[PDB]
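Shown next as structure tokens: one chain only, the form deposited without ligand 3S5.
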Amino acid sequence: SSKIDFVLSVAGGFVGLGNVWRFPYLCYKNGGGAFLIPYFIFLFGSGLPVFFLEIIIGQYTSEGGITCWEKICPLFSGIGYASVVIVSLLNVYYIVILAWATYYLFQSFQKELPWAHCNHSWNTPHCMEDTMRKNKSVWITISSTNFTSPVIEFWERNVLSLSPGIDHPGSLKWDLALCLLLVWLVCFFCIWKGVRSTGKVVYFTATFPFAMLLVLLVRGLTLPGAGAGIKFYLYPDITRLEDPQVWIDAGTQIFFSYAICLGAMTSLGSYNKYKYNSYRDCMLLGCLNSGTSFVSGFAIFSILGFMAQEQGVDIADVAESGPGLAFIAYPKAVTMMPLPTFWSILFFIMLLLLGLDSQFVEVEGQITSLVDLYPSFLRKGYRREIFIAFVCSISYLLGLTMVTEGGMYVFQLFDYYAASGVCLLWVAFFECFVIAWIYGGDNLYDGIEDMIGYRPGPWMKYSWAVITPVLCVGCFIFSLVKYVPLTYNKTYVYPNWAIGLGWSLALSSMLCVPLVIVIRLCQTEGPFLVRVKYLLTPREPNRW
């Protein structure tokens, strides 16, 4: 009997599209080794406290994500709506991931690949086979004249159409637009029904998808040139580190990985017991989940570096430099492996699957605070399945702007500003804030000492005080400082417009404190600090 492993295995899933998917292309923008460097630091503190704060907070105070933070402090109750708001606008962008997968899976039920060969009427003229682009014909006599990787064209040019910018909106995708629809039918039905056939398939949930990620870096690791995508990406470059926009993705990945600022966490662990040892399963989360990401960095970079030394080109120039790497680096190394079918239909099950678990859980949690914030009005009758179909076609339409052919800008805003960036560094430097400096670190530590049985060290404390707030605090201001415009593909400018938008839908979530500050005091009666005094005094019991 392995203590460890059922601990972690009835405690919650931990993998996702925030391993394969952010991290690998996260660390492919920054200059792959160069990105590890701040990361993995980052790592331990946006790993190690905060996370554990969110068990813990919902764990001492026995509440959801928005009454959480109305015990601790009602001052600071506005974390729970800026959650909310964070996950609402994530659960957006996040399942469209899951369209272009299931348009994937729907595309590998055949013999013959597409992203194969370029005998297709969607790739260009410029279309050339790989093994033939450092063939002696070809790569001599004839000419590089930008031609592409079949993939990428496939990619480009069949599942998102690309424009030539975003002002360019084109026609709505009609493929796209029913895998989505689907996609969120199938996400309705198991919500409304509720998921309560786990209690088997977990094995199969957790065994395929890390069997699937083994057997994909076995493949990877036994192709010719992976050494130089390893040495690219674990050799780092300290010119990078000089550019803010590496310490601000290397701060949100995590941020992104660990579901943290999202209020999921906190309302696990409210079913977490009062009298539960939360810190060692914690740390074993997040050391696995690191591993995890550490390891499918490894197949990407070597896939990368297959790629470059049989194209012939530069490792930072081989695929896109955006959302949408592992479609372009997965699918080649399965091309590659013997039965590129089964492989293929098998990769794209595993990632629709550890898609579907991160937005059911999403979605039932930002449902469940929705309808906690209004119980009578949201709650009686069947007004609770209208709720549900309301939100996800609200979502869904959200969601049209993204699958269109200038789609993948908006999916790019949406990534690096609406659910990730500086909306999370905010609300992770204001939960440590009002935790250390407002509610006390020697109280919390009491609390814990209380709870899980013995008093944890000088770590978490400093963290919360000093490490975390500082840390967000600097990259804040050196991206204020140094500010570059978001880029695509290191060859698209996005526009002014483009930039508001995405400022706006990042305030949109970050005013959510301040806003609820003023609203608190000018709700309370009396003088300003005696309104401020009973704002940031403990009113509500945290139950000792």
The other form holds:
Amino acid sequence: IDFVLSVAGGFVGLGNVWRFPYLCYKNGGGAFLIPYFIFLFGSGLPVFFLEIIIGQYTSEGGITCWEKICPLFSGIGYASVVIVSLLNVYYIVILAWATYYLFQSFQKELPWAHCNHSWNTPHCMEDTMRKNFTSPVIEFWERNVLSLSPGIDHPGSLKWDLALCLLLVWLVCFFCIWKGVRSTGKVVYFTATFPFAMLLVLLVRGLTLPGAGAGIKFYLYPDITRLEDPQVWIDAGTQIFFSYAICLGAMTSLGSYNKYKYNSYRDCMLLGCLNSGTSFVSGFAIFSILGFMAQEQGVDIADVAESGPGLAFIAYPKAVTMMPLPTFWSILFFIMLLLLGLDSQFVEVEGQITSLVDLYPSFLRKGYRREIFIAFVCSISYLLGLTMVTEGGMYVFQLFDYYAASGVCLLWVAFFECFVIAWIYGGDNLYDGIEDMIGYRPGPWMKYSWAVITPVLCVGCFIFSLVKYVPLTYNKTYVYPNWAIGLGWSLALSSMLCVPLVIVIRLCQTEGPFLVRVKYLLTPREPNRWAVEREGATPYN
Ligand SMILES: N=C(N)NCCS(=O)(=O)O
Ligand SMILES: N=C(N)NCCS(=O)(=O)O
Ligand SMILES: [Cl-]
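Form solved in complex with ligand 3S5, following the form deposited without ligand 3S5:
Complete assembly follows, chain above in first position.
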């Protein structure tokens, strides 16, 4: 009765509603979809299935699973932990923004509708009378919500309204992890069907707006010359990794909770197509609104909103103003955004705690209270997130969004996950394990993706991005300083360096000749030991 689908109905998140439309709009629109679908069926679903299978087979979390499959490349798991840490720093900042918008909805007139407010510049023209001039919806996002600075080197002053909204979300996250609400009960029906109900209303509203056809044509019809830019492939390929929450140890930890004899192949395909289908369908909502905005303002569709983060805060808030009782719909939309983000944030932050606690089960569990450790992790993450709340903190958010938990850092982890399984552990060796679990031998799709398709895409994007290097920009105009780019690369290299560092550490610890050390550290350590004894299973090899 699709019980697993309802339980796993939380596949839709902020990556499908917020990040996907902004990445697609930034990369020209239709040209973004081709790499998106190439990575979807070549390295998006296969890596998701690989992580789920590793979790279900080894019956271990993010790090111990690699400790069992291949000790030498154990650092992969460590890298994932680092990645998730950075994610928890910035992924919650969006929620703060949403919370701010929520507190701005509790009034008779939505503030992003007219140009008679204090923060509005003299260049504010209402879109109705539009046909220099700036839209009131954009100015509220910039002049009021963000209070944007000239650059990242100008941090300005901390925003005391967003700081209190950021703390409010962290208190909710801390309380929902300290007590572990886990959203268990009959609220699962509401928290899984309400986002689709609101996205349907936005979709119907967006489609019926005058000029939506121009926006959809921009969204669908591709620009072939745009594909020659390497950044399109990195943005689209990593977006699959972002929405699928892979290369983080979350799916491997999730996979470990599945029974050994359980057909998780059908679930990964079902959830993968539903998660990516949600992003594609939600794209018709955003871009139909953008087509309407371009139509009335007399501007090009690519120059009517922010290319960076916040497209969902300029397009969706405007669509609300056209619905009857805009106050009612504005509240519901940002309640949906809060529900989608909080559900994802609870899983990742609590997953981060589990990985760190399991690393030191004698100290963080008995000697030092795990309850205090949850407060310590949240407190440190909150302080680091205050760098994205200052007036110049929007530029810091883009650096974290572009480099941390995205870009080459995920391609680095994805490549080594597939390389170890396909070329060291063995695709046929895993297929024998998968055959026992799911009950049948899968097709050659997974085997060829782990061995050829994924490594080629991951290493191909990395090489071509370096050969044709375009520095990160914000909203197509702002040019980051050299230190900001260097700071951004340090965020990516913080986790990328974990894979080779552990290899060096493992070799030093082991004794004997160098060749003996490598061969010893490549041998799996009983990958399915628990399976044969706790349940019914065939021992590996
Ligand atoms: N677990 C899923 N499907 N996604 C996680 C990332 S996001 O969709 O919440 O951004
Ligand atoms: N924010 C969530 N839930 N997932 C992000 C996945 S990743 O981009 O860090 O791989
Ligand atoms: Cl997506």
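Residue numbers count along the first chain shown, from 1. What we label the rigid core is the largest C-alpha set whose atoms superpose within 1.5 Å from one form to the other.
Once both forms are fitted on their core, the CA shift for residue 532 between the two forms remains under 2 Å. With the core held fixed between the two forms, residue 10 has its Cα displaced by at least 2 Å.
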